[PDB]
Amino acid sequence: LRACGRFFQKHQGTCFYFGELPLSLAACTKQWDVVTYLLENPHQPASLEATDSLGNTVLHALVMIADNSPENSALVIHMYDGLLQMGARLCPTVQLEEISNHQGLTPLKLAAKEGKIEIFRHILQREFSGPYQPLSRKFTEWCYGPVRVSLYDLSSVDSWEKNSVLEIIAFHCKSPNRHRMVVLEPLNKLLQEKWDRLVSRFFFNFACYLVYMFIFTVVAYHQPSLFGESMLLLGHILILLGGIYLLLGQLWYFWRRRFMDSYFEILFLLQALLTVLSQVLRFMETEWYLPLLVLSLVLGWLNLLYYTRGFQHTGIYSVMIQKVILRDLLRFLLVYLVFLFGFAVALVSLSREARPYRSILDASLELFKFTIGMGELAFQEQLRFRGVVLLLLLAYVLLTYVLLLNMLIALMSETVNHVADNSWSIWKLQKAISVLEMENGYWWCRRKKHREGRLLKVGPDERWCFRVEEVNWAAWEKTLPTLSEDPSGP
Amino acid sequence: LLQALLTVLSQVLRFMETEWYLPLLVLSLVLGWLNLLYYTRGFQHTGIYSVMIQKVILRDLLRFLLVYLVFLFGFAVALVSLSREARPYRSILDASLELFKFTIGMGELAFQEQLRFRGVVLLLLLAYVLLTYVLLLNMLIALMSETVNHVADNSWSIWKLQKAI
Amino acid sequence: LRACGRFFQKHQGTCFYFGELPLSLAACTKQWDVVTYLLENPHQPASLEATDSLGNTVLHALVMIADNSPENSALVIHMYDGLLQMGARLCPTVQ
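If you read the protein sequences in the order shown, they are chains A, B and C. Under full-length UniProt numbering, read the first sequence as residues 192 to 417, 429 to 460, 467 to 563, 589 to 692, 699 to 729, first letter to last. Under full-length UniProt numbering, read the second sequence as residues 477 to 563, 589 to 666, first letter to last. Under full-length UniProt numbering, read the third sequence as residues 192 to 286, first letter to last.
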């Protein structure tokens, strides 16, 4: 009896989304005796694979009620494991983990999309011994003393499939916990493996872009006044070809992905648009292409800072300036402006009388030169109101040199609690985005996606696996079984 | 080794009557006065200061300067590419020097009139000023966050290791 | 019987360098009863001063497996002290 009302649906406000199904309610409400009675009974058996109006089964409902609190996460983990074990003994023919809702996702995918990290980490590294062996994802291969190779499962986790946990985390997710689902194993080992296979193409792209930017700098610097001529026209044609190529690439990227990590692609689009506009304005014989070409050159040299992600830990510096350039700067500048204009107008309104600051623009420039430590504080004599002008100049100096101090103190207090783990996780997330972007290939030719791990039977189900080696000097029990009796390293 | 090699080369160039020994002798003198900071290890705890600048001079400086360079050259070229027209910054070297003087707090932000593109030149100068004064702030914040967890025990141990050597 | 293979040598990758010697393996694997049985027995006595291909004895192997973790360091310290004490009572003439 589906309770497809308004209070039971998932929305902001007074709600409690348990999946509008009595078995789902008993599962979510910590009523394991009631769950056991509802799952098996001679009168009315409740199917565990039943779906509500949205298409969610009980596992999706258990995923969607999970918070990040430790008290609720233990409930979600224990009830998920218990329901999986009871589904093993009731309907073993059907695989109830792979049941998809109307959006098309699975409970692992749903935990990835909504940002429920506490059930995601458990479902990615769950291990069950005894009779419930095949429904595990943390298989144990050979162990030789303190070193053991653990085989994780890459079913619906590798990027070879049409929809993956990696793609959902990188692009489709929307949560503050996007970066924290990349550090956890086996996603740390998986994305480190694909990056080492793609760093060659990343550096090749860096070299090609550096050659293009060197050609652009040579063309811009040796621009004639508004063999050498043929070389310059060949360079202009090459710049036009590179600009239209990069514009087509960015257009294909924005068509495929139909925000902070998306900044540099917007800068790439702006740079390509500006150089294409500069070339088409030069072709139209307009004397305004030179500011646009120079602006494109400046924007491109700024854009070149994107390729610092792959130079090892350099990115952990660079990500901070990204946060810095969205911390308060675009506000604080406005605060500086709402001084400047006012004071500038004041100076003009007090400098048009006689017994310097002629217009608003010159007054603004002479007021701005107190920040770079260059402006003058001379005692005027030609102006009639010398003392009031000096008093306003001193007041502006004091207000600027206290506003900058306040800004620096505020930024220090903001960054003093910033540990290195968060910045490292942000850099790892950016590398994950770059890996999943390059693996799709260029727009003019699509790369052949290759599997990772190997296909080996576990207990005769053929399950893809990824091997992670570990050393543990405290696991001296030798009780868990091993699939293979031979080490057989790579 | 570099100081000894430079002063030996300066002496052998003076013996060969070459008028290029004077830059090498002066460079050797500068390098030697820099080298004199090695002997601060034995002046008690003074070394616990000095070791930090060693880490500082290998922390990010030789990278960060390059980052500063990959602005400067670009912007400098831009200024040259926009200052050769008429209705200042003559060559690449003078443009680089006039752009560098915004870091020591000496460069000028005047409104040009002889150039045809006054507004675009001013906009690029303002953009360079903002980018420099945010990059230096970011560098200082990053260095502070790097050194805030640096206890005195690690620096004391480093100084003791240098004294052991 | 020296296990002078490739998996048992010390190198980056899949390795477990215990010294390629059964007494060394029992010492490194926290098997003090097996170590006591191998050190003294009427059938086949294992010399504590035996060396592998690299020339390491059991003490060098106990040194090379030590990490900086507190759980492993206690194992290395206790097994080193126990092997030194058992070497005192078996071959006191040699150092």
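These are calculated hints, taken from the structure and not from any lab test. Careful: at least some of the hints might be erroneous.
Stated by the list, open to error - Below, simulated DSSO-like cross-link-like pairs (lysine-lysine); rule was C-alpha separation at most 27 angstroms, straight line:
no.	chain 1	residue 1	chain 2	residue 2
1	A	717	C	201
2	A	353	A	717
3	A	531	B	531
4	C	201	A	221
Each hint tested on the structure:
1. Only pairs whose Cα atoms come within 27 angstroms are accepted, and residue 717 of chain A paired with residue 201 of chain C is accepted, the gap being roughly 24 angstroms.
2. Note on residue 353 of chain A and residue 717 of chain A: the hinted pairing is violated, with a Cα-Cα distance of about 40 angstroms set against a maximum of 27 angstroms.
3. Proposed proximity of residue 531 of chain A and residue 531 of chain B is supported: the alpha carbons are some 26 angstroms apart, at most 27 angstroms.
4. For a cut-off of 27 angstroms, the pair hint linking residue 201 of chain C to residue 221 of chain A is broken: about 52 angstroms separates their Cα positions.
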